[PDB]
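Take a look at this single chain in structure tokens; it is the form deposited without its partner chain.
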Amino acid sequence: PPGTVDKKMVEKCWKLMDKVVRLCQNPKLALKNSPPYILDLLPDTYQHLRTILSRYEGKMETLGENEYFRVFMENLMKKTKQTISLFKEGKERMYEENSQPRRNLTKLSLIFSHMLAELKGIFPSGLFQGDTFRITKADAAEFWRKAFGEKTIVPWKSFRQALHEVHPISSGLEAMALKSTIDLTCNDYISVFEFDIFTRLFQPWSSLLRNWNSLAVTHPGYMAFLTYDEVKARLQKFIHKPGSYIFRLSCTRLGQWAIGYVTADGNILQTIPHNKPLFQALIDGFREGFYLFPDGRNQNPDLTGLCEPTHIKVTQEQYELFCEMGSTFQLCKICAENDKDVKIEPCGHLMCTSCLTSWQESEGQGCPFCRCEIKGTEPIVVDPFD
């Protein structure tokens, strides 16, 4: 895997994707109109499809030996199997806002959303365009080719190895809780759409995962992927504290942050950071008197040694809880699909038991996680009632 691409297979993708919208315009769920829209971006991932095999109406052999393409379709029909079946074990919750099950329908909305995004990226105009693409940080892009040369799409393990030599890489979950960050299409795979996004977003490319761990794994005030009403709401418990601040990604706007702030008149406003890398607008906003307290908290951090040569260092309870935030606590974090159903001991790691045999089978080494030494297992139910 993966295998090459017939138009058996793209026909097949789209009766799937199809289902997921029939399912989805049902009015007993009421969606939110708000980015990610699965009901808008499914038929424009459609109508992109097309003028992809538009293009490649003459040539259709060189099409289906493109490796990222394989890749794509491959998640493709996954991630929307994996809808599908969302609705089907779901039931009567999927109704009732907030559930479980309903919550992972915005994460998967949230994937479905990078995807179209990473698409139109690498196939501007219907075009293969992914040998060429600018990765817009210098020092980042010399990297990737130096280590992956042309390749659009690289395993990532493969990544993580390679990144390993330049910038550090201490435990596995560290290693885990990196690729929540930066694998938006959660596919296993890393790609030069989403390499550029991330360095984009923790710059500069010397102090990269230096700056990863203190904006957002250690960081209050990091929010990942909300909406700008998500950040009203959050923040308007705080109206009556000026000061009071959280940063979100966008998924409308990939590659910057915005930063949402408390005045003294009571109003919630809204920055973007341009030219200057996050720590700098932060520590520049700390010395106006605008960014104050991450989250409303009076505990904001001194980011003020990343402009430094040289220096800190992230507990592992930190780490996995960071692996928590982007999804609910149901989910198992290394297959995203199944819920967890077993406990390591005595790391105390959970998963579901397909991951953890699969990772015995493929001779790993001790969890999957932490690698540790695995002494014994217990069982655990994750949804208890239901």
Contents of the next structure:
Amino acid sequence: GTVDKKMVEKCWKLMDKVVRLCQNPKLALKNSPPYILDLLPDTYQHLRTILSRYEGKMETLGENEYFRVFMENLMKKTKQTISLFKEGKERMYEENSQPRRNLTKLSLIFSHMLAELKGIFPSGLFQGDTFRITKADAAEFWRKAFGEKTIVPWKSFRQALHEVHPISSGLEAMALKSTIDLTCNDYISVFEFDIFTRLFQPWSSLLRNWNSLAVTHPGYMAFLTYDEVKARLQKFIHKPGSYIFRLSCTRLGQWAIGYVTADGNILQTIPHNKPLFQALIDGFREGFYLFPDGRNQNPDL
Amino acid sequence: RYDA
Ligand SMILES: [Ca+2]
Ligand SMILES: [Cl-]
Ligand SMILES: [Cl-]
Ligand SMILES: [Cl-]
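Alright, leaving the form deposited without its partner chain aside, put up the form deposited with its partner chain bound.
Every chain and every other molecule in the complex is listed next, the one we just looked at coming first.
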């Protein structure tokens, strides 16, 4: 659906309202990524940069498939967050409450959304048609299936992927969608695809990798933040070698692995130049990564 | 934040 200056302004107002709700001192938000208090103003700023780059050619901007999807989603997510406060009431202020957890997941979604927007409009101009996917075999798949498209409906992505990497069941497809659809808008962007295919490389065995590392691995934590990982490993502080892992939110495309050390500290690191399987095997051997989510059985990869 |  076409976007004009007006729908942007309406989105900006909804964003400001979320920011006012999230400023309540009772929430006590920590200034640490993802931090909704900086994410929303930052998304507004980048939207201003985009608008600026399209002055006198708003017609072009308004018709861009990706931009229309993005704005529709921004409106949906901001309304969702407002509805969340309205329905949760005081429950938003109990850390550990389900509605507060819902807000944290939203905060991560806004983080992924801003990273996506910046990836597709670097410097404020659309460059989705030339987005560079990092793994060569994944870039080939995307080109073969979708040409230079920036975004595709989930149904169309699933069908295309299945032809090269078989999906075994509907519930597997829904778990896959949950993993790759970072912006939670039922479309898959070339940026989301690049993220997933970096995280679950190598391409030759993509869905076997994801099934092993995420679908059935007790250590994988979907839509979890740095602070949540520190809180979750706290219950295992006297159990060195307890560990979990998740997408890094500031270095999208990379894994953050948290673990309990011998001296009872919780560290988090992002492996350098090594796919997850190898990071897990190496850390298993060294005794860092032994008990996924503090459990006694660790998958043998 | 992230260490080695
Ligand atoms: Ca998406
Ligand atoms: Cl949840
Ligand atoms: Cl290097
Ligand atoms: Cl167990």
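Just so we're on the same page, rigid core means the largest C-alpha set that superposes within 1.5 Å between forms. Residue numbers count along the first chain shown, from 1.
Residue showing a CA shift of 2 Å or more between these two forms (rigid core superposed; candidates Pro124, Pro168, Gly149, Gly266): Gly266. In the core-superposed comparison between these two forms, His240 has its Cα shifted by at least 2 Å.
Core-superposed comparison between these two forms: CA of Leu292 displaced by 2 Å or more. Once both forms are fitted on their rigid core, the CA atom of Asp139 lies less than 2 Å apart between these two forms.
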